[PDB]
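Chemist: Below, each chain spelled out in residue letters.
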Amino acid sequence: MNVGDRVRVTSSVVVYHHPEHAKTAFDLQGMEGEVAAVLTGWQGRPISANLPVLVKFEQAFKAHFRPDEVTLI
Amino acid sequence: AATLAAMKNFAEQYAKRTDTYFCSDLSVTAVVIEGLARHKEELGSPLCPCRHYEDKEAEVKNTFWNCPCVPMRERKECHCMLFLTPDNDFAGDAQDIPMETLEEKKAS
Amino acid sequence: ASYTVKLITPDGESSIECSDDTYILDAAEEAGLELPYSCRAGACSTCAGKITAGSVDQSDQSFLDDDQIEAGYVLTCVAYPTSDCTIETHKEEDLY
Ligand code: SF4
Ligand code: FES
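For the protein sequence lines, the chains are A, B and C, in the order given. For the first sequence, my numbering begins at 1 and goes up steadily by one. For the second sequence, my numbering begins at 1001 and goes up steadily by one. For the third sequence, my numbering begins at 2001 and goes up steadily by one.
Bound conformation, chain A alone:
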């Protein structure tokens, strides 16, 4: 899982910040995108994020995921 890889949302993941589904639940399963970042550190210092895999999708929309939630392609 390196910055750049194009992943696919395999696990069911419900969100509420989707531009076309604002404030309403929406499952991202089935969506494909690319890892914009893998939160683990900040300029050397340790980071404690529990949803590291950040993935950007169609247009202005990104979301964080747990490793098992996404699958490499």
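If you are wondering where the hints come from, they were derived from the structure by calculation, not from laboratory data. Backbone N, C-alpha and C define an ideal beta-carbon position, used for all residues, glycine too.
As a list, the in silico BS3-like pairs of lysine-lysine whose alpha-carbon atoms are at most 27 Å apart:
id, chain 1, residue 1, chain 2, residue 2
1, C, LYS2050, B, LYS1061
2, A, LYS62, B, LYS1016
3, B, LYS1106, B, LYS1056
4, B, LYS1105, B, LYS1016
5, A, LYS62, B, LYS1061
6, A, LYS62, B, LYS1056
7, C, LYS2050, C, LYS2091
8, B, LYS1056, C, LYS2091
9, B, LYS1016, C, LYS2091
Covered by chain A, per the in silico footprint, the following chain B stretches (three or more residues, Cβ under 8 Å):
id, region
10, 1055–1063
11, 1074–1083
Here the structure of chain A is known, so what remains is to put chains B and C with the ligands in place on it, guided by the hints.
Modeler: Same frame as chain A, now just chains B and C with the ligands:
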């Protein structure tokens, strides 16, 4: 504390914006706002209080845990139990909390 | 396509040149300014500001309500300059 009021005013408005509710036991709610205000007065950002970090200065910069944190913005998952879905069991039907109820927490 | 953002902070004035595709807060940080922030997503009020002159596009914000939006408050972390404007920073207090 001025910062406290700001964190209180935020929590109240955010809960209404995200349709979330405070814990049926406001004492828990007050404790979180008290922590948020504290962190904000120290780092400048209301870093999640109900957690342990190995570098709070960096966390604030990563913003992941800056209230409202990513899990809450994206999945409405508030680990501190501050913001709850009406569905939640621990959920109550209040979105406002008496300043007095907060002041009484600072006394500890 | 860039605009001039006249930021009015507690420490005084400071004009920066922010692109139409760059957030006010980001542009301000490129100039070396120290503006407050938290979520960086427009879901809170920590970066709250107030547009005295000009206009901005903050369609990405979600915390502020209509009344507050009409008053002139904006979330600098997700605000795009729509034209030359003057914004007051550190305005969270005046919000509520
Ligand atoms: S878990 Fe997130 S939303 Fe809940 S109090 Fe902590 S930072 Fe705020
Ligand atoms: S940092 Fe929270 S709305 Fe801008």
